[PDB]
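Single chain ahead, written as structure tokens, the form solved without adenosine-5'-diphosphate.
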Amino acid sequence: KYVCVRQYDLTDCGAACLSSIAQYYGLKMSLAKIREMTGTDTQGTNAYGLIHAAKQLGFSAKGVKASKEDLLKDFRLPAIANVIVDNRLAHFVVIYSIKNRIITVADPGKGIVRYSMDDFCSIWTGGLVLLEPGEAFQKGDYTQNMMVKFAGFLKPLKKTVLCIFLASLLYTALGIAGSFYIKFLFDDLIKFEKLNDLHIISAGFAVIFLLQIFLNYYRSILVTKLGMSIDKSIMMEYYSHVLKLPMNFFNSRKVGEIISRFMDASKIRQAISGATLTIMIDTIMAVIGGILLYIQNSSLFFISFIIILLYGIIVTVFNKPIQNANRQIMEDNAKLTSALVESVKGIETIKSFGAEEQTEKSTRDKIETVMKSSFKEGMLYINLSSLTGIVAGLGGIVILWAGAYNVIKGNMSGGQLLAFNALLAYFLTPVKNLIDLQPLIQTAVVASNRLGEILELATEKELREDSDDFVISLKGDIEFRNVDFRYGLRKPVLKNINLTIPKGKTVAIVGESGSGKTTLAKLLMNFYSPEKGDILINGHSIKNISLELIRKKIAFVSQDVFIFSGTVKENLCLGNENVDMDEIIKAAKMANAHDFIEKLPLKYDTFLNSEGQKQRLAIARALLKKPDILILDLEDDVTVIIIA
């Protein structure tokens, strides 16, 4: 079926290709699991990670080189090709069918595309990964329907939904009733010259409109409140789960990558509320409108049905090219913004080298590309609007023509045609909304999957299957035995360490221009678990001790100091909740910080927020922790591991 899995982020390209191949063989899995399983870092994945992850799925993976001649031969059909686009990135494609003249490749960023053989070999660098379902392969479906999971938020908000439904029904009924004002005017009042009845009936048809307006007001208020509640629920759940995820999740992804899902929550809410309400209301309203239209005249109703069918056909045809054009515009805008940012940041180098003429030329070229993509999307929109306007206006003229023909023949009256034209709104608009619901549903399904893949992950506490046991004291001799570490699937950083740290006697490890020693301290904070070996405090293993106690009794003063926008009092008391003024005073006095307090605008520095007043706050906080183990990047302090 030539499965092509989209890539949610700019990095999970090899993971998307592996997921596509797995789904091609009857194994569907969440993209998050494969992403954390291929060793996807900020830079991206590689052939080794994909091969290892395929081995974890029972696939038989190999890493081979190939050329045009090797393509001319016969090998496994759905392989992975390391195609380089934009001359960088870890971009991958899935080669499905050889078809010597034209190579058909599934790209996670564009879809199923077809390249010329020469063009393909120009863009393909020879890196081929051959996947084949091995003996251990097992078909299955290991993903959850996230649309149902997010629609479960509507269960507590049932009374609001019911009230919205009832208000919509009343609004529709009042509008349908009031659409007959023109018929009553032209068939009874004007024809027979009734003046008192004209005033009485017209006044009664204005109260209906006022009730309709009030119902719309109430329903709009309810819908706004429902949407805000759903947005808050989704955002808070996502953030609460994210805050508990392991450090691998944070090290493997950027900040915007984690943050854009807050915006995707808005799309999920848009689906769950708008699509559901629109379907529920508009189905009934369109059915009633169509019944009434057929009541007035069968031929005019059939013409209206043809009009709405043509509109739906045109919209469905134009749906996907618009999405492709919008994606291309977004990519071009991102490229232009990135170029502008790098140009502004390095303005000094441009000035020194006199490269202002070529910089503006490159910016002009990128702006020209952006304008070309914008014109393509604008022309698509113009064509769609022209076609739909032709259909709508010509159908209206044809409806008036056929209604006049029927009135002349005597099958209708002067007011029945105008009543039909009035009810045309309540028939055509619901079906138009039902047809237009497609892009919203598709985009929000994508966003719901994007949030649910993360929401399926396991937090730090869940991974620690072993309990706390009975370790409450963290005072002892630290022992690293046969400890090996790996940052995902990269080269090992720490190999066969046998290290002993006494109880109190301050030590300081000495490295060789390497940051790996720093992550040694990260192995004491349980941020990562060693691949092999053990870490023990006295005679008790680190994995044996509770996570909360380990992070509470160990203080790490990282060289990357984190200061958030808050008062100095709040910045110092982070996660304590049990402190007195004297303790903070003593801690600041110890770490040369109480002196700087008096030198400021002097609102006890509780306003907000050189690299000497940021770190010193970190050591002050570390002493506030009262840690059993202190690490810097009383005798019973279990040494002070200083990173030197």
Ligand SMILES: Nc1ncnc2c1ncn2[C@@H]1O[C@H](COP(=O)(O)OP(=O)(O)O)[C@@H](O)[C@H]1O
Contents of the next structure:
There are 2 protein chains.
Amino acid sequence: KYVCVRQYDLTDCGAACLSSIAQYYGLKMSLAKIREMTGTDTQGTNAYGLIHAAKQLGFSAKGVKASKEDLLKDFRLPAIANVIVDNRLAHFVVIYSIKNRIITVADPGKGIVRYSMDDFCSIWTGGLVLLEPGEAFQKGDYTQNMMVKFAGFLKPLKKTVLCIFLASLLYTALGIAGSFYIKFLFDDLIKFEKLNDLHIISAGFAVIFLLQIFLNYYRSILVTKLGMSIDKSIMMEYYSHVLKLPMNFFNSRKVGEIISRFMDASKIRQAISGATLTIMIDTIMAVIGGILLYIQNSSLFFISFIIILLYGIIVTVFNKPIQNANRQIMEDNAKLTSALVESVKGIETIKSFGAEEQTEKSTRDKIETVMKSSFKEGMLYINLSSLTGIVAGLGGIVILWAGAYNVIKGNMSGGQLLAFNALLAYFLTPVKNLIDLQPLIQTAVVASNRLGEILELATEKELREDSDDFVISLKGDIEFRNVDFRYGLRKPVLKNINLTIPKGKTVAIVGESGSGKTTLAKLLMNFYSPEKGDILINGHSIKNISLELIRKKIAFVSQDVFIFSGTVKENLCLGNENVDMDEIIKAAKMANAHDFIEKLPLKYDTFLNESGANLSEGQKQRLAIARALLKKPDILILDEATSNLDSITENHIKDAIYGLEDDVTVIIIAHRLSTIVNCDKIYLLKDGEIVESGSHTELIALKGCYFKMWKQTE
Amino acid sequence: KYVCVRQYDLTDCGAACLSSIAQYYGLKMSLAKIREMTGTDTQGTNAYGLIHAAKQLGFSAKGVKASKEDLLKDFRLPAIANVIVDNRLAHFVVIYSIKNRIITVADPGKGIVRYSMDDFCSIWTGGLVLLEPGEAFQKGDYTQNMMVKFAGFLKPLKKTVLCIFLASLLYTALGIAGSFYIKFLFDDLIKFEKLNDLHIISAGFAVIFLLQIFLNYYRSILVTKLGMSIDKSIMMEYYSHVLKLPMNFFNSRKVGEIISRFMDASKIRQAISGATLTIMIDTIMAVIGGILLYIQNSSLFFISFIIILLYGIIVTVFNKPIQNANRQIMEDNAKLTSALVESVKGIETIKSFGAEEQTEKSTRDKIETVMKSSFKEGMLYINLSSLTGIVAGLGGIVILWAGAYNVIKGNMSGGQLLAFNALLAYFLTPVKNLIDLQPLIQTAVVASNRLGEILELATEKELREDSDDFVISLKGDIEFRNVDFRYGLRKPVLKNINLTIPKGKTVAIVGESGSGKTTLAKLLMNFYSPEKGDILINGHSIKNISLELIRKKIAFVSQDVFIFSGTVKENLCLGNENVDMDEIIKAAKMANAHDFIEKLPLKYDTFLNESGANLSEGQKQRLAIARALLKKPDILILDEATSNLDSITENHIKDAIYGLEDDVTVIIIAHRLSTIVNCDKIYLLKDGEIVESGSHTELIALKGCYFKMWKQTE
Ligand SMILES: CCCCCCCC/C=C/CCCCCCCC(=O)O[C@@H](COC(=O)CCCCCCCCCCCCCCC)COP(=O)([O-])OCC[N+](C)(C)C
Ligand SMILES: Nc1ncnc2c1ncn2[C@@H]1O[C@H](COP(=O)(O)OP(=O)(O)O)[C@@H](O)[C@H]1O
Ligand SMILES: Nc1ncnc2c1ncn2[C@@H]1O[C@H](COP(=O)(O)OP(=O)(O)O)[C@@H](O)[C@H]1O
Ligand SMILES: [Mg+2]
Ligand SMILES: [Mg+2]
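Next up, the form deposited with adenosine-5'-diphosphate bound, please; the one we just looked at was the form solved without adenosine-5'-diphosphate.
Now the complete complex, all chains and molecules, led by this one.
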């Protein structure tokens, strides 16, 4: 069988292909784990990541660039081929069989498809990855059934589910009892002209219906409460786990990918609470209805069974094409909305270049594509509805025909036929719902896998080693031994930095843009870990210091500061909750912010709308600096904290942090060389290694890269 | 009556309040016209904007701060009051009546509400705007009916609407004829034991049903085609008008506000093609069904009429609360999504400050609020469904009861009762749909107004003056006369900006961040117009040159560069539709971009994913510079176009610009002073003024702000 693992996101096509190959060869594991192994980033994965993950997964993989002629030759069928769609997006596919000019490929985006050779090589890039099990490829099933894990949420709520079951049973029994009103009307009351009996029986059936309505009300309230509880539990569990995952999880994913998993909570709930309750109620409901129908007449029961069989066959046949059309519509709508967002976000360039006519044409073409996909799905739905209506109406007419024939033959009465028509609802609707549960359960299973593969990921605290409790301070020499680092599986950023930062000293790191300075700042702060080597504080390894203390004694002022929607009192007290106002005022004094914030409306409680969109960039930078010095750190890192600020405020903060109390280490990452000349030591980093060090005068005396940069920049 | 104009967006509370006041006083205008009159930006309007718009509208408006005791006294009741909603939003409300300690206020976000004086004063800021009509307040109704305007898309589609109407009439007639099968069964066939007649009549009714199904198929296909056509037409008209609007429309609105009308298009279409057709079909079909039911039996028809009256009353009663609950749910979901996006985007700061615990608490609280709103709406729906089910089921039971009574009394037969039960569908479903049209029509009207206020806005071309056809190029001295400017209604950016760029000589403009240099760059390109004075080229006013020529002969490289999703060639040729590859290569060389593009996969057709997300900042900026020089301009503006470049590329672009042929004017807006020294003339901008002009030699010698900044920044 050709395994085709669906891709959950837009950037895990290669991971999906590798998972498909592994499952075909007998190894099934989490797709999130493989996506971590392949070094998948926000820009998808590449061939090298696939080969590396296959090699370290047990396979014996290799890469090869081949033309169309090489495909005619013989080799291992299950290979991964890099393809390009629409002179556009680059995907990966799994070739499963090279037949006569026709190639079967599993594409994670679409499914199992057949491409003729010519168009395949038109879209297939020359790259190719060959896989084959090696010496150590122990087969396994390292994954867990995730519907059971989420269904375990029903254990605390067994009292609510039990009441729903009883209410549903009583509702069904009352409805079945009340469906015989039409039988009692024609066979007994109308025929014999009984009036008092008519009134009494009608009043009794009205009371029965009112009881049925009350039971439905109670059951609906209970079901709504159960669904809300399950939704809240699932969303809160997912969010609580996500907030603890390491930093390499957030930089390998987009905001949309993380946020969209919340809808998966409702998708799972719709089958955890809905599908199970529907099954339990409708199985007994349909069994009772079928027994009663067979009691009424066997032939009519068989006719109704044939009707429901035809309905189920039609629905099962139409299942997959409808979901394919829905996926295509979703893709087209995403493309159209992305184009609209891009064209309205860069409207200034379009206006300047006079491209308002071609943008309109492109948008119209995308709208046409969306309409074509919508028409395809609508035609599918119309065909399905027409077939279902034919089946239902012709079955009803045939049931009436056969019932009239049976009444004529004397096998049954007219009231019995009308009672059969009434019980047809209580027999067919449960089975109809049971059949219709199939599309919901598949979507719920997909969402359960998508949301629960993340829950298996180890958090940041679980990956840490054993910590030594005798360390209570981070004051001391900061030693960078031979440190390697690379963001995932890209080219290395840091190669052989080996430096020492003395305690209580103002140290500066300068270099070209995109050279590995912010990377060093994040490495010191324990975001990510060095691939090779160690980082030491006061002679102690960075891995042996508790994560809570390491994040509480190191303050960061990033290049792209972030301010959350809230009061200034809350934006300046993100971590701690018990802090005096005097400390906040003192912290804002050194950042040249208190005078600015005082001019704002009210006091240190003004709400910052839209992540501080009313704020300006320099003001937010001052706020971030104030927060950093408010944290009272042992090490303070300023990653270009004065890039936007004017000369006066920059000088003010420079003299403020220059004369700080206590032996608090200060590191300043600078792009403009003239900004800092008074730093105790200056480190020159060019392409991932330090080349020069010392005081500013010392590097000037020693002719080298620093002097050339100073001369060409000043 | 108390007028309460609801707000269409999140930033038009003050505009909605002013519109409500005007409508209360007899003047009705478009909300978009008022919104642009108030100077509403993306952060909303304030008291000054409302006062200015009211004075422009003929009112005699004033602004004053009021205390709690001030409300005790008497003043003009219809006044706008600034309030603070949930310590987050600076909203505006319209006070209408001051009753005994209870204040009636129209809030555009909620409706007409009543606040206790204590609670209001707790949520009411001291500010107050008093409005009163002046000498010139000629009333009117300066707006059009958007529903009638959007109903004009049915004119070319009058043939399709006619086919649908005829098919629906035939379908309804066939169904009404086929509903008598059960009447023929019991009164004629079963009673008299007719078998061959039974088979013949059953076959005939089956054929009738098949014809009905075919008619439904054809009508559904036509309806789908009609809906798709109308939706596409509305969407394309809206986008075509939006692309032609001035820039003050695009920077006063968010991206979401502009994009959200593409769903309003579908909302309008749902009533353009749904409401009219439903009315036309259902009125006639309900009339026929009611006449037939009255023919069958008068008392049962009256019972069914009472049933449908009760259903309509219940639906009308439950209309408003359901939509209020839905709006509340939408607001809460939007808040939760915004919080989730904020938390995910700023995960680095949360981790660095160890604030995962409190972010989880805030998200849980927002989830709880969402669940509360969801439960309120669910309970409203449960109550509505229970009442409707009671009415329907008890009506059916009562109809069966009264029909049996009439059959016993001899006023009708059993088959007549069964036929009445059958025709109950064709009588009750039409009126049910007509009653259910109310939520669709109101939402469609709101969406139509929202989408059509924009279409009344004047485009960029319509606001221009007469164009001089004798102007063919913009090569000449560029004179800024006494020029004032201010974005929207904020603090003015330029005061007396007066300067002269010589023809063909490279000139630089320097200053602080947020000083008003990019504003000058936009002003020279007809984005926005100066409040006072004129801008001239070669003695010709900027307002007398065709907008097509101005945008064609001026090239702009903004501080932020936008790259559109597409091949490099398409981006480099955004405006012109015809150009040879040699010029593209030549332009790329002088911007130091050709070498980078060569190393990319493919040569120049490399599609740039996600608006060029693959490229770096320097690569994007070099590509934009290449595009601008490819434009072949007469004036080239570089608004900080060398910031992200390294020194080598900076020098290459610098001496490429200095090596430009022809007398092409070059303007360079520079932040770093050292970046430009060789410019022919330098203008210094500090506060909306040029205080010092000249080359580097004289400006350094002359003591002033430029000398101080050069000394303190180098
Ligand atoms: C909650 C949602 C409910 C929605 C339904 C809304 C309606 C609800 C209420 C409906 C009741 C009122 C509607 C009319 C009912 C009688 C009509 C009829 O048969 O015609 C006859 C009624 O004249 C009579 O003789 C009266 C005797 C009543 C017969 C039994 C009716 C059973 C309905 C159960 C009662 C309702 C229980 C209420 C429970 C809901 C007239 O023709 P006749 O045969 O010649 O009459 C002989 C005497 N005569 C010559 C003097 C006239
Ligand atoms: N989040 C990320 N994911 C993948 N690669 C990154 C990320 N951030 C930076 N890089 C890469 O690492 C290199 C180092 O950049 P960085 O150290 O951030 O520059 P700077 O030191 O100027 O802040 C860059 O060339 C960039 O391509
Ligand atoms: N899109 C806008 N809407 C409203 N006000 C703006 C907008 N852009 C700029 N401003 C205001 O006008 C001034 C113009 O500054 P600007 O020329 O952008 O500075 P710079 O030359 O450093 O880019 C700014 O101080 C800002 O407050
Ligand atoms: Mg950086
Ligand atoms: Mg600028």
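The term rigid core refers to the most C-alpha atoms you can superpose between the two forms while keeping them within 1.5 Å. Residue numbers count along the first chain shown, from 1.
Novice: With the two forms aligned on the rigid core, which of the residues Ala90, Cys121, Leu154, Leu440 moves its CA by 2 Å or more between the two forms?
Specialist: The residue that shifts is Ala90.
Novice: Does the distance between the two CA positions of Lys603 reach 2 Å or more between the two forms, the core being superposed?
Specialist: It does, since the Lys603 C-alpha is displaced 2 Å or more between the two forms after the core fit.
Novice: Where the rigid core has been superposed, how far does the Cα of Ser515 end up moving between the two forms, given in Å?
Specialist: So the C-alpha of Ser515 has moved 4.8 Å between the two forms.
Novice: Can you give me the Cα shift for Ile314 between the two forms? Core-superposed, in angstrom, one decimal please.
Specialist: The alpha-carbon displacement, core-superposed, is 0.2 Å.
Novice: To one decimal place, what C-alpha displacement in Å is found for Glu360 between the two forms with the rigid core superposed?
Specialist: Displacement of the alpha carbon, after core fit: 1.4 Å.
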